[PDB]
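Trainee: Chain residues, written in single-letter form:
Protein chains: 2
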Amino acid sequence: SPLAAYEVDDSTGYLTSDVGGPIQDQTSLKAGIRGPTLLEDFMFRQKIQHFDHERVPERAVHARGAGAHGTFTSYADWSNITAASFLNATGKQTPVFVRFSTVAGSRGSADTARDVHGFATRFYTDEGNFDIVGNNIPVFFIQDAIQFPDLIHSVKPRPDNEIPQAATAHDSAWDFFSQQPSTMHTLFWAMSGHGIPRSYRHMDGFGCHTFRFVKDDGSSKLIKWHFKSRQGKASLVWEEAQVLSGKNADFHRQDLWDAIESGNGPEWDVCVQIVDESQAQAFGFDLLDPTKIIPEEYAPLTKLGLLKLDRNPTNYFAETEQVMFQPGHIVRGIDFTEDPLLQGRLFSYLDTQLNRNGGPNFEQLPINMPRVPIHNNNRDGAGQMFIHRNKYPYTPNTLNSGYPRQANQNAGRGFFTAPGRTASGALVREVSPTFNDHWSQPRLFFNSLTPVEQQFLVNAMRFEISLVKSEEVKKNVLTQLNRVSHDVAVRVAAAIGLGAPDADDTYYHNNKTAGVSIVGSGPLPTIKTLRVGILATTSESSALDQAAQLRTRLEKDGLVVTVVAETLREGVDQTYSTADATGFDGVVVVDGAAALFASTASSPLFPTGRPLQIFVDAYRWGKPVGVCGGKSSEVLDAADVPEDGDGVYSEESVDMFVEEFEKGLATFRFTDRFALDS
Amino acid sequence: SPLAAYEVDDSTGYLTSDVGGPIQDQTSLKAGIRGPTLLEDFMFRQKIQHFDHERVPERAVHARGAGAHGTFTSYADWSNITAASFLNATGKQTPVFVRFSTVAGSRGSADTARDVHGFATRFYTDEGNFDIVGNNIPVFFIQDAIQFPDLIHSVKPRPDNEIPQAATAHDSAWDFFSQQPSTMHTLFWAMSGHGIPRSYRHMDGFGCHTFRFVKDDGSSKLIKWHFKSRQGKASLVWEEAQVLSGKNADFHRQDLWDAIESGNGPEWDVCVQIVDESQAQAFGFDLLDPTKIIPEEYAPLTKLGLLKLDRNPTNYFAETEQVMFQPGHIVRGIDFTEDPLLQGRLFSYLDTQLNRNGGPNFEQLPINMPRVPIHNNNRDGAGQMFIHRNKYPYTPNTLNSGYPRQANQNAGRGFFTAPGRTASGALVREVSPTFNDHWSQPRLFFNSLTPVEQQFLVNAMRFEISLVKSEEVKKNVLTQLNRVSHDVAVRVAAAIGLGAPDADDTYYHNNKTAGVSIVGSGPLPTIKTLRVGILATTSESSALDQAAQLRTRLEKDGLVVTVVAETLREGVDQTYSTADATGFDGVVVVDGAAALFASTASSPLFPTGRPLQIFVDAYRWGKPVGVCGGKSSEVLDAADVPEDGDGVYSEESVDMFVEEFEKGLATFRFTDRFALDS
Ligand code: HDD
Ligand code: HDD
Ligand SMILES: [Ca+2]
Ligand SMILES: [Ca+2]
Ligand SMILES: [Ca+2]
Ligand SMILES: [Ca+2]
Ligand SMILES: [Ca+2]
Ligand SMILES: [Ca+2]
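If you read the sequences in order, they're chains B and D. Counting from 21, one number per residue, gives the positions in the first sequence under the entry's author numbering. Counting from 21, one number per residue, gives the positions in the second sequence under the entry's author numbering.
Calculated from the structure, these hints are not laboratory results. Any given hint could be a false lead.
Copies of the same chain look alike in the list, so a pair counts if it works inside one copy or between any two.
In silico BS3-like pairs for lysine-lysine, Cα to Cα no more than 30 Å straight-line [what the hints assert, rightly or not]:
#  : residue 1 : residue 2
1  : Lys267    : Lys489
2  : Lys489    : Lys576
3  : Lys328    : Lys235
4  : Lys323    : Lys495
5  : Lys411    : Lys495
6  : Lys576    : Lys411
7  : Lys548    : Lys112
8  : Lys235    : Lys495
9  : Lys489    : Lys548
10 : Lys267    : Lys495
11 : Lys112    : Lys248
12 : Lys235    : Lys489
13 : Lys248    : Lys328
Could you put the whole structure together from the sequences, leaning on the hints where they help?
Mentor: Here it is in structure tokens:
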């Protein structure tokens, strides 16, 4: 590991300058005890110069994100489908680093903004670094990389006032979506629960583009990358995400950090869809078009290996902030396709690192280094950390005996372009007519959601478009939505008091596809790491005993338990003052704490109505909630929470309460609590 | 308009490259209609290179902020105390640019984090740019600039995982505060309502340091800068600020931008305290110590002039993001003091612009350019915009006839150091013992707050210290708070289940000072721009009629009125789905909408209970609330709000309702709704 050599231990020792001279750093050097600071104070200036220069430009997109180390393990020798060395043996392990992100927000913006999310994975392979720079949504808004600044300017804050942060809920974004109909598929995904995932662990990763697997014999197949979560799929609801943005902007990065620290490092099956070159247009769309999925009914997933994240960084800046992904980080056995979005990405990711790093030697940062020898004639540049021994860095040479040697299909395990690839025709700035259906697959996605998930997506569009000031942009939005679904256009129009256009059935259909629904993906396969808030009181010795009971039961099953009370003490983790329903996946009130839930209840130690507000918010947001201990009756009445409700638990027995409640945690959300359009 | 020479209009015309060649930017150039993108596509690469390089490093501190243009007007000829040209005549006008900010958060962090706030003012004077780089709190955490990276590392996110964003509520910050007792004064300000101002317009600005006013005769006086809000002082409550951070991260920038667009540009009296050089140690502390205020009972404020902000930027990045303030931007008539915090700032703000701008010509950016000629021998450097005609840029010269000429006290209106300044003694890295009382002035501040203000400060400390993991740090924090106030230590200790240490009365006293309390500074002098939410319904045309009549009456008085209903139509500004009590300074329900406040009420158009939760939150956060029309029982009972409550209004008469309600908006907060420790 190039990181091991660069770890710096400051657990002992005297303070030094950056050149090893022992110094102090607490008082400036002055001309007398009340005098002016001296220019000759090098201790002051070296420390303050460093501080003054700590920041680097944030990523132009995906600025908000968090990373972890782990391991990829191949399930098989995949030589039969690719030459890729990291996939060439059963059990072969490759170190990884992953960064997850949002897209639009700056640094410091909230994790739980509604957005597309990044899922970028580096494989430090034995034949070079290989990055799969993916998103949690399989389709992208645009069909040509040249349009990326148009999309990103439109979603980012308006440039006169830089409002709003981390949001599409403004005129410019919806102007762009309504004028550029390619955007509909990703927009539908972003307006679904996929826009507000419960955690980075509860979302999938997608390469989006078609790539190629290339064998050593030169043959190739077309692939899509799918990283399928072993934790299951889960979402927040919007009114919860909005509160969580304020209460804990760091929720997704803490969730990931904690899961790794507790030995619950998240896992994905790294999968591909594999199809023949001859099927590029066989599925009713073009595989070069990054606004399209291959429905799993036409091409099943093959599991290639296991990705596990199991180690947090040491220094966030050095590792997470400085990791510099590139789809140009490719290895023998993988090739590009003529997807015009992918094509332009290859340029952008090499160039943008110059902005971030300030110089050309960014691959020398430890997080960016490979785990094999580097042999090339790249030289000099600001920040050059190598001392090259070859004083003849040109090819062809005799004075270095012809080294380094060219690598290609028949030498040195070189990368090679798939040799069956061709190009024909005019040099054109023209869009393929094969790309022109912008509406069928958005309809397929919408059809594939459950009725309450459809309602959530309509409600997200109603929320955002109601904040668009331009009546004209709003009419144009309804025109495009109407081409996907007349019903969606009518339901969205109702919230903004406009009439939807008449049905236009050109692209309407009733087809569905597996694997895109969150609500329909069934109970979570594991409840480990899910958060249970136990609302208790210091008033009643009964209440802390009940809490301690529930804690033992729930912690045995790997749940993260928080006992909440008025004040901290033995067994209490959190005060009411700092507690919020956004902090829990389930909420339990111990019946000993009933008095805290009365309308008349007041304390200087927390805001008026806090304990009850936690319970009511948890219920209203669809979470499993209950009262444990025998007078389950009251509390449920204070909350107007019906005791016969699905996901509402009422038991005197802790054993019975927990058994029932944990089934609620797997269900995760009780969708019967949300009203549907008639 | 002050920067009109630099504006670029794109309201007409064909797309060009940066060198004026007409182009297109929507489709990449490809080898065939389904082919790969060509390297010869310069249109693609210039556009994507620009996009890839849009970002610049955020400021090392104060990264989150917003700015506006305006004018400073002198009230008098201040020659009798300062040579400063911009102060030399009654009515003399100087253009300004101000940026307001938080301190700790990154770009995109929320405006309503608890923090110190920046208030940075540039005067484009006829004798050079003069910057007063201030905060909304008059005292700073630390007594020597060399400690700035220690403070900032401790309050910024923990550097392994970069958690938490824009918050002091973590172990490292409270470790620093408890180990560095100088921090107590600013800490008490930050934990007061000054940490969560209602807006940039409802906070003051302070220079913090003692500076000098220097007359043309060379005599000097010691000054403190005070910018006193002509809008009044106001705060959020914490449990409002947390929700607002999520619902509207842009709240302060939006409030400022909207105040300027509506012709309510905020105003401050620019004031100084003016004391003699002989009074440096006369007030029981040292005027070089930036942790101390001069109590107004010892030195009254002199009003120098009016600061008014009345014009929003055209391009946020170019003007707000790029403005580079420096305390080194000083003019004839002002000088520094030996405050060791100020002293080090002078280095920091010149150096750090090299990081932000990437090169040395940052004073050529339009926003940083002065409004008078530049004559000097500075040359070259990356990004050099000037074409210098003087080919002999050295002094002394004959070949340019000895120009530019040296400016000094006696010639050319030069800057000059106050000529009575001296230094004597050893060259020392020693702290003056005159700086050693870290506790009296925090106690002065605490004593000068009202009882519920003291409770709010205790509650902020209870909130944050309860989130500190380390029992060692919490004990150390109680040791320091106990030296300011035993009562504070006891009340804070109660929330975290530690015992407060025994009283230590060395620094205890009962002295108070005027003008530091928010709760005590009386009703607001103007209610213009304050926000009234009217909760109505589309289900009753009479409810919309009541709302229209309330709107007319409230808008007449310059209030910003939002009518809320289930759906948008004529006269309705927002839907319930997007509405929140954090968007209003007061909430009115029209009694024709009473049915939406029933516990039964449900709709697919907004979250369960949203109408009543807006009313309940507004009440519980202290805002004026009421019901207009005469039928108030159903709403007030559903909300558990007493009709006789202070700041609770029930009138049939719209005119009577508005007269009463407007007194409540001036009161701004009804502090009787918050519980006190006994
Ligand atoms: C033409 C430009 C362009 C286009 C079309 C895309 N991107 Fe990109 N993307 C960038 C230009 C870019 C960039 C400007 O080059 C970034 C900024 C930081 C960086 O290293 O690259 C980036 C960053 C970035 C990151 C963050 C990596 C990290 O965590 O550091 C992810 C996950 C993605 N992108 C994913 C995608 C996906 C899945 C795309 C479409 C399928 C996509 N981008 C299209
Ligand atoms: C020794 C370093 C140091 C110290 C002791 C301080 N600062 Fe500072 N401050 C900086 C180093 C710095 C900086 C690193 O140089 C920044 C970052 C961006 C910039 O232009 O300067 C800055 C920015 C900055 C800004 C933002 C200006 C803007 O909006 O662009 C404000 C308002 C202040 N500071 C105010 C203060 C006040 C009132 C201080 C104490 C009285 C103070 N700073 C002490
Ligand atoms: Ca906009
Ligand atoms: Ca969902
Ligand atoms: Ca540079
Ligand atoms: Ca080749
Ligand atoms: Ca910490
Ligand atoms: Ca207050």
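Trainee: One pair to classify: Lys267 and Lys495, alpha carbons no more than 30 Å apart. Within, between, both, or neither?
Mentor: Classified as between: cross-chain Cα gap 26 Å, same-chain 35 Å, threshold 30 Å.
Trainee: Indicate which option fits the pair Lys489, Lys548 if close means a Cα-Cα distance not exceeding 30 Å: within, between, both or neither.
Mentor: between (44 Å within a copy, 23 Å between copies)
Trainee: Is it within a copy, between copies, both, or neither that the alpha carbon of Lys248 lies no farther than 30 Å from that of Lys328?
Mentor: within (12 Å within a copy, 57 Å between copies)
Trainee: Within a copy, between copies, both or neither: where do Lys548 and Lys112 come within 30 Å Cα-Cα?
Mentor: Close inside one copy (28 Å), not across copies (69 Å); limit 30 Å.
Trainee: Cα distance capped at 30 Å. Does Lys235 pair with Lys495 within a copy, between copies, both, or neither?
Mentor: neither (51 Å within a copy, 65 Å between copies)
Trainee: Under a CA distance limit of 30 Å, which applies to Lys489 and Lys576: within one copy, between copies, both, or neither?
Mentor: Between copies only: 23 Å across, 52 Å inside.
Trainee: Checking an output row: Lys112 and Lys248, CA cutoff 30 Å. Within, between, both or neither?
Mentor: within (20 Å within a copy, 68 Å between copies)
Trainee: Have a look at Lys235 and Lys489 and pick one of within, between, both or neither, based on CA distance no larger than 30 Å.
Mentor: neither (54 Å within a copy, 54 Å between copies)
Trainee: Should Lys576 paired with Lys411 be assigned to within, between, both, or neither, using CA atoms and 30 Å as the limit?
Mentor: For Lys576 and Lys411, neither the intra-copy (64 Å) nor the inter-copy (81 Å) Cα distance is at most 30 Å.
Trainee: Can you give me the call for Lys267 and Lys489, within, between, both or neither, at a CA distance of at most 30 Å?
Mentor: For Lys267 and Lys489, the Cα distance is within 30 Å both inside one copy (29 Å) and across copies (18 Å).
Trainee: Is the C-alpha distance from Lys411 to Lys495 at most 30 Å within one copy, between copies, in both cases, or in neither?
Mentor: The answer is neither: 67 Å in one copy and 62 Å across copies each exceed 30 Å.
Trainee: How would you label the pair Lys323, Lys495 (within, between, both, or neither) given a Cα cut-off of 30 Å?
Mentor: neither (45 Å within a copy, 53 Å between copies)
Checked against the numbered hints given earlier, the structure breaks hints 4, 5, 6, 8 and 12 and satisfies all the rest.
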